[PDB]
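S.K.: The lines below spell out each chain.
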Amino acid sequence: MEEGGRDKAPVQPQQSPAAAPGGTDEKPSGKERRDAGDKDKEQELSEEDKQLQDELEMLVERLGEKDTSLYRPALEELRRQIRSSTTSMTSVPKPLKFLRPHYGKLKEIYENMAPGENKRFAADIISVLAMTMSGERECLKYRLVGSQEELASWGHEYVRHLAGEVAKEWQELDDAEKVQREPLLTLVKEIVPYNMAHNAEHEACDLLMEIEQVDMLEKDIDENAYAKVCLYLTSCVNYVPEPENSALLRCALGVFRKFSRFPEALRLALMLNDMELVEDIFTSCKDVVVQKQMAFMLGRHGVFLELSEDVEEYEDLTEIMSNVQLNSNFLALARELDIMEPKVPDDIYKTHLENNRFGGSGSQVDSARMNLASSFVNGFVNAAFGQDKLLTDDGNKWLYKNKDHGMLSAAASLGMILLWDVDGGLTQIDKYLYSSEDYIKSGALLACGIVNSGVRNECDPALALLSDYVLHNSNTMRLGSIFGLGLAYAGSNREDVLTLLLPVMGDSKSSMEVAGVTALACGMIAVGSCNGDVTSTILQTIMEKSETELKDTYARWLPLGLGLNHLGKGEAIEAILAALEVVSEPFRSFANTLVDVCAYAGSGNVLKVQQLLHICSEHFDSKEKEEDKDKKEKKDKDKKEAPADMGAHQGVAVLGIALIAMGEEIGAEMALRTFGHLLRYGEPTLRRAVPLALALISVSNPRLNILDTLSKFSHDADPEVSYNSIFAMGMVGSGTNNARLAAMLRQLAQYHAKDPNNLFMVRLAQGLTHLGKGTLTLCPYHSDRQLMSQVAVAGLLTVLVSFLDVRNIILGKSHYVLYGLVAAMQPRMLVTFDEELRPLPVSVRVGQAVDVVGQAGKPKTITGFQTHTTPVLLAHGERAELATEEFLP
Amino acid sequence: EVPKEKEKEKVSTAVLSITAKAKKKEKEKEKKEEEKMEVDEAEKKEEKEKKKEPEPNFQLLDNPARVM
Amino acid sequence: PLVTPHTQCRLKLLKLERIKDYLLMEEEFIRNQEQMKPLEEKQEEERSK
Numbered sequence: 001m002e003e004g005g006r007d008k009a010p011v012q013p014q015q016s017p018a019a020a021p022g023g024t025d026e027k028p029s030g031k032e033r034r035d036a037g038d039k040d041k042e043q044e045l046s047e048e049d050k051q052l053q054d055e056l057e058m059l060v061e062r063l064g065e066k067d068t069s070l071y072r073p074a075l076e077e078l079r080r081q082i083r084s085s086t087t088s089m090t091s092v093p094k095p096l097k098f099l100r101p102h103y104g105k106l107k108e109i110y111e112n113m114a115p116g117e118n119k120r121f122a123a124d125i126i127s128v129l130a131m132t133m134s135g136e137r138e139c140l141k142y143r144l145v146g147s148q149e150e151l152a153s154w155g156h157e158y159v160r161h162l163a164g165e166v167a168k169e170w171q172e173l174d175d176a177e178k179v180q181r182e183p184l185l186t187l188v189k190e191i192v193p194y195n196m197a198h199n200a201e202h203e204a205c206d207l208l209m210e211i212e213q214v215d216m217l218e219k220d221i222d223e224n225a226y227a228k229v230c231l232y233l234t235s236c237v238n239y240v241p242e243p244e245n246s247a248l249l250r251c252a253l254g255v256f257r258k259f260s261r262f263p264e265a266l267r268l269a270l271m272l273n274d275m276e277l278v279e280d281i282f283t284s285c286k287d288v289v290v291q292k293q294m295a296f297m298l299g300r301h302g303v304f305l306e307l308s309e310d311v312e313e314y315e316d317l318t319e320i321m322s323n324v325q326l327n328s329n330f331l332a333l334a335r336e337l338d339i340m341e342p343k344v345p346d347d348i349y350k351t352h353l354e355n356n357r358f359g360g361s362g363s364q365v366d367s368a369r370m371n372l373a374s375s376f377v378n379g380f381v382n383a384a385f386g387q388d389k390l391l392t393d394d395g396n397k398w399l400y401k402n403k404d405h406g407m408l409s410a411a412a413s414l415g416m417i418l419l420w421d422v423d424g425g426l427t428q429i430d431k432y433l434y435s436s437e438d439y440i441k442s443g444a445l446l447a448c449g450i451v452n453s454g455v456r457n458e459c460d461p462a463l464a465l466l467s468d469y470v471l472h473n474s475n476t477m478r479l480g481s482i483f484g485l486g487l488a489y490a491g492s493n494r495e496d497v498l499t500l501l502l503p504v505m506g507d508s509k510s511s512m513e514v515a516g517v518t519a520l521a522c523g524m525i526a527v528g529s530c531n532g533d534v535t536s537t538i539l540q541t542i543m544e545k546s547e548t549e550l551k552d553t554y555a556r557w558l559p560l561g562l563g564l565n566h567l568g569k570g571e572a573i574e575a576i577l578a579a580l581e582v583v584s585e586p587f588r589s590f591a592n593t594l595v596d597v598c599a600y601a602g603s604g605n606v607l608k609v610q611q612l613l614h615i616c617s618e619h620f621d622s623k624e625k626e627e628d629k630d631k632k633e634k635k636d637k638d639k640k641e642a643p644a645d646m647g648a649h650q651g652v653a654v655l656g657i658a659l660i661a662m663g664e665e666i667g668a669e670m671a672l673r674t675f676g677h678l679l680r681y682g683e684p685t686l687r688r689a690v691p692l693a694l695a696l697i698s699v700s701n702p703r704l705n706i707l708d709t710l711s712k713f714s715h716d717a718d719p720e721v722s723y724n725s726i727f728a729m730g731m732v733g734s735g736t737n738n739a740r741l742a743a744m745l746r747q748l749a750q751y752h753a754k755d756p757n758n759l760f761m762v763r764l765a766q767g768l769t770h771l772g773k774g775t776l777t778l779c780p781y782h783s784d785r786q787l788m789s790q791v792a793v794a795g796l797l798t799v800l801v802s803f804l805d806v807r808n809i810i811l812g813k814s815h816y817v818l819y820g821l822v823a824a825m826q827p828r829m830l831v832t833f834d835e836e837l838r839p840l841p842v843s844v845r846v847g848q849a850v851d852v853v854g855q856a857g858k859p860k861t862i863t864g865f866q867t868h869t870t871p872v873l874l875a876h877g878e879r880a881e882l883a884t885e886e887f888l889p
Numbered sequence: 818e819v820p821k822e823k824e825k826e827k828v829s830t831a832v833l834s835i836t837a838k839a840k841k842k843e844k845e846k847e848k849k850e851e852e853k854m855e856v857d858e859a860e861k862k863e864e865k866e867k868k869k870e871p872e873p874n875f876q877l878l879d880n881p882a883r884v885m
Numbered sequence: 050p051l052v053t054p055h056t057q058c059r060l061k062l063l064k065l066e067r068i069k070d071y072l073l074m075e076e077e078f079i080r081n082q083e084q085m086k087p088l089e090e091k092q093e094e095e096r097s098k
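Heads up: the protein sequence lines correspond to chains A, B and C, in order. FYI, the numbering for the first sequence is 1 to 889, going by the UniProt record's numbering. FYI, the numbering for the second sequence is 818 to 885, going by the UniProt record's numbering. FYI, the numbering for the third sequence is 50 to 98, going by the UniProt record's numbering.
To be clear, the hints were calculated from the coordinates, so they are not data collected in a lab. Mixed in with the good hints there might be a few duds.
[As the list claims (entries may be wrong)] No more than 25 Å apart at the CA atoms, straight line, and that leaves these computed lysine-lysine pairs for DSS-like:
1. B:867 x A:569
2. A:31 x A:107
3. A:141 x C:61
4. A:66 x A:97
5. B:827 x B:838
6. A:608 x C:61
7. A:97 x A:8
8. B:846 x A:228
9. B:844 x A:228
10. B:823 x C:86
11. A:625 x B:838
12. A:119 x A:178
13. B:842 x C:64
14. A:431 x A:401
15. C:69 x B:841
16. A:623 x B:838
17. B:842 x A:228
18. B:842 x C:69
19. A:623 x A:569
20. A:50 x A:66
21. A:178 x C:64
22. C:64 x A:858
23. B:821 x C:61
24. A:608 x B:842
25. A:623 x A:228
[Unchecked claim] Computed footprint of chain A on chain C; a stretch qualifies when at least three of its residues, placed anywhere within it, have a C-beta under 8 Å from a C-beta of chain A:
26. 50-61
27. 70-78
28. 85-98
[Stated by the list, open to error] To give a feel for the contact side, a few chain A residues facing chain C, derived at Cβ under 8 Å:
29. 177
30. 222
31. 226
32. 606
33. 614
34. 617
35. 647
Every residue, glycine too, gets a C-beta built ideally from N, C-alpha and C.
Given only the sequences and the hints, what does the whole structure look like? Please build it.
M.R.: Written out as structure tokens, the structure is:
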């Protein structure tokens with residue numbers, strides 16, 4: 001301990017501020033010049049950030065705190081210069097003069113008068129002088145002012161431009177990772193008036209830099225991954241004009257302002273769709289801006305590009321609408337017969353060959369309901385041009401043999417055989433159409449809507465299936481005709497055929513399953529306007545469901561189209577609309593949780609997730625509202641699949657422990673459909689946690705509840721090694737786990753993982769994270785099954801052809817004008833880089849190296865090299881344009 | 818002779834988080850909806866205090882009158 | 050295992066508060082689970098003897 005002898009600064013700045021009350025009065029020079037000699041020297045012993053220990057700043061205030069309490073207030077005759085010497089010298093040590101209740105008094109030295117241009121003695125220092133202290137002001141002092149009194153005094157007026165120059169100072173001194181400190185400053189200051197802060201910070205960023213935009217640009221969208229309702233409403237529209245005004249990267253408009261379509265205003269992204277039609281630059285960024293506008297996140301854009309430039313600049317519209325759709329058919333035609341595809345594999349059924357010697361002999365299984373699953377050896381493998389003449393003879397015999405619902409099912413499988421087709425898809429049906437039967441034509445003409453699904457061109461808006469519908473005096477002609485056309489025009493929000501198919505609801509012909517899928521057919525069409533659909537559904541709901549207390553054919557189908565007509569907005573007006581509209585008995589207030597959370601597809605709104613638990617938690621509920629706690633858990637399944645894995649680990653942690661562990665009817669009947677809704681990628685955490693409750697069948701219940709959890713355990717696409725689980729459970733599933741009930745089911749689970757080699761993207765995440773639906777087409781199935789009796793009769797309309805929004809598969813094609821390039825792409829396990837050193841290496845799995853049409857996989861941001869620049873959108877999306885430039889030798 | 822009819826009925830949701838400022842802006846939403854369309858409800862005080870003080874310590878009693 | 054800012058940023062202040070939200074709710078849901086159980090049969094006389 002070598003103290004003493006060199007303690008100059010603990011003596012003379014211990015004495016001269018102690019002599020400052022001894023020299024304020026009767027010493028006009030010593031009041032001023034010793035203050036200025038104190039001020040610059042204390043300023044100089046802080047500017048190097050290589051002596052944090054300052055020989056004054058924690059040496060003078062031991063008496064100087066009681067001094068400043070008697071020097072600044074008690075002088076009472078403060079001059080115009082001596083306030084600029086006192087407050088410039090004594091507002092510096094006050095974060096360390098004072099303890100944790102400094103937060104109310106960062107002003108009793110400073111805001112007497114802020115001396116001039118306080119960064120004048122705080123420019124080259126990063127945060128030790130006042131910039132940490134400036135964040136201490138905006139944390140607590142501005143928030144209590146700007147809680148209800150934003151428009152206020154000097155604590156707002158100068159504080160605006162004070163925070164303005166400080167936010168310039170973060171990107172001024174060193175331009176380090178304190179760029180991201182500016183959104184740390186802009187959002188803590190005036191949390192709800194963020195745009196009033198950001199509007200000055202938008203224009204300041206526009207003149208800040210054009211190279212130091214992009215990491216702050218991704219900092220915003222990382223903060224926009226989850227927020228409050230109003231913060232996600234605010235900072236996402238602040239996110240919009242920064243590649244519009246500062247830079248013109250601008251190919252991140254269409255999908256990354258589909259981010260901002262539903263929250264702020266539907267017309268606002270339509271004004272950004274107008275901003276697409278402003279910047280018509282060349283073609284290449286314009287091409288891939290409008291590639292996504294048809295079948296990547298929405299359709300319904302084919303009405304705004306038939307204006308005055310219909311030569312090639314507005315004749316991309318039909319090219320977008322069906323020709324690049326057919327060029328995507330040329331992927332599955334040309335490229336996917338080349339990689340690994342002859343017309344009929346037909347041998348996953350043949351992969352059940354070694355079972356016949358496992359335990360003696362075989363040929364014991366003769367169940368007639370297995371022949372339902374026999375259609376999927378032909379059915380699922382023949383998607384994307386698995387066209388079959390006389391390979392449908394297993395269909396052709398069984399169509400003309402028995403099983404009326406399988407006559408509808410085998411006829412509905414023909415639409416899956418010719419999918420995404422307009423050229424000759426109806427010609428395939430017509431030879432298998434004229435049998436003059438109810439079940440054959442109702443499955444085939446429902447499959448005609450599946451053939452032209454995603455086309456939305458002129459095939460039959462009211463031609464075929466409207467003529468099929470007006471044939472009705474009877475069975476599924478009444479039913480199966482409205483379903484296929486609303487499936488085909490689900491991407492559109494056309495009003496006309498909605499009003500053609502609204503007298504289906506207004507007929508009051510009391511076929512119950514017809515009116516239920518009528519809500520599902522109109523639900524797939526619209527998500528926004530036409531409140532008269534909500535009027536039309538609840539009229540027959542109050543007519544029919546009020547005079548019953550019975551089955552979920554009422555409940556699983558009629559409120560669901562209401563939720564599909566109001567999907568994806570956290571405004572909480574739609575809950576005020578719907579729940580106050582059907583104020584009713586609790587078995588009709590089953591519908592309370594539907595339209596509540598169908599508007600709540602994905603965000604962070606954890607306050608909803610607690611009312612998704614705390615109202616109907618357990619209660620033990622002796623067989624009265626057990627459907628509602630299942631459906632309340634059904635809406636826990638979404639608002640979990642979009643928070644990009646932040647709550648997915650928390651979802652599997654809660655729902656593994658809480659329900660299947662300490663539950664009853666909520667857990668052991670229904671709560672596995674989370675895993676059939678959360679992901680379809682597959683990973684051995686949840687893929688092995690389900691046979692913990694499946695190999696233990698727990699047969700005491702109506703075990704098709706647990707065998708429903710068998711079924712969409714294989715609701716993970718992208719074919720895997722999971723055959724080890726399903727075939728070995730199929731071996732114990734032949735004799736035990738009765739083949740009368742689920743011999744269709746286990747092979748439905750077996751044959752669905754290898755649907756096709758490819759085309760597994762059914763998982764509602766495009767580009768990086770945006771929805772693009774599949775929701776309106778998938779969510780009817782998991783609403784359809786959570787019971788029984790639709791494994792035989794009614795759910796066979798659903799279980800085959802429920803979800804049909806598969807949007808191609810990979811990101812290999814090049815499209816450079818003539819479509820001859822293949823390039824050099826380099827596939828890897830996805831990004832982790834958030835904020836690290838400069839050129840942040842994008843990924844980590846350098847081993848795989850392909851050139852052309854290679855697979856997508858679970859976490860793959862595939863990059864490219866060889867100086868082709870790939871300057872399209874720099875965010876992928878499977879129809880890259882790929883120009884050419886090499887000006888770096 | 819009441820049986821003390823009691824209710825568990827609730828456990829208080831103690832999630833102390835972003836909830837705190839989210840309920841506060843919801844009370845701001847009621848200051849446009851309540852006081853601008855229709856709220857004119859009122860109640861009266863000190864009716865129940867009035868009957869207590871003029872009370873009877875002057876209780877009248879017939880012949881076989883009990884008294885502590 | 051996603052604390053990937055790796056620095057004193059508000060994201061790690063935002064990310065960890067999300068983890069606080071789900072574990073408190075997992076606490077309160079199982080707190081409601083042992084609360085609202087009016088089922089008593091003990092063992093329907095079989096395992097109790």
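S.K.: Could you run down the list of hints and mark each one as holding or not?
M.R.: Results for each hint:
1. B:867 x A:569: Not OK: residue 867 of chain B and residue 569 of chain A at ~55 Å, beyond 25 Å, violated.
2. A:31 x A:107: Status holds; Cα separation ~23 Å.
3. A:141 x C:61: holds (23 Å)
4. A:66 x A:97: holds (10 Å)
5. B:827 x B:838: Holds, because 23 Å separates the two Cα atoms, which is no more than 25 Å.
6. A:608 x C:61: Roughly 23 Å between the alpha carbons, so the hint for residue 608 of chain A and residue 61 of chain C holds.
7. A:97 x A:8: The hint holds at about 21 Å.
8. B:846 x A:228: Given pair residue 846 of chain B, residue 228 of chain A holds - Cα atoms ~16 Å apart, limit 25 Å.
9. B:844 x A:228: Satisfied, since the Cα-Cα distance of roughly 16 Å is no more than 25 Å.
10. B:823 x C:86: holds (16 Å)
11. A:625 x B:838: Violated - the C-alpha atoms of residue 838 of chain B and residue 625 of chain A are around 34 Å apart, more than 25 Å.
12. A:119 x A:178: Measuring from Cα to Cα gives roughly 17 Å; hence the hint holds.
13. B:842 x C:64: The given pair, whose Cα atoms are some 23 Å apart, holds under the 25 Å limit.
14. A:431 x A:401: holds (18 Å)
15. C:69 x B:841: holds (21 Å)
16. A:623 x B:838: violated (39 Å)
17. B:842 x A:228: holds (12 Å)
18. B:842 x C:69: Roughly 23 Å separates the two Cα atoms, so the pair holds.
19. A:623 x A:569: Not OK: residue 623 of chain A and residue 569 of chain A at ~33 Å, beyond 25 Å, violated.
20. A:50 x A:66: violated (29 Å)
21. A:178 x C:64: holds (19 Å)
22. C:64 x A:858: Roughly 23 Å separates the two Cα atoms, so the pair holds.
23. B:821 x C:61: violated (50 Å)
24. A:608 x B:842: With a Cα-Cα distance of about 16 Å, the restraint between residue 608 of chain A and residue 842 of chain B holds, given a limit of 25 Å.
25. A:623 x A:228: violated (37 Å)
26. 50-61: Since three or more residues must qualify, the claim that chain A covers the segment 50-61 of chain C holds, with 8 doing so at under 8 Å.
27. 70-78: holds (count 7)
28. 85-98: holds (count 4)
29. 177: holds (7 Å)
30. 222: At 6 Å from the nearest chain C Cβ, residue 222 of chain A passes the 8 Å test, so the hint holds.
31. 226: holds (7 Å)
32. 606: holds (5 Å)
33. 614: holds (7 Å)
34. 617: holds (5 Å)
35. 647: With a closest approach of 6 Å, the residue 647 of chain A hint holds.
Violated hints, in rising order: 1, 11, 16, 19, 20, 23, 25; the structure is consistent with all others.
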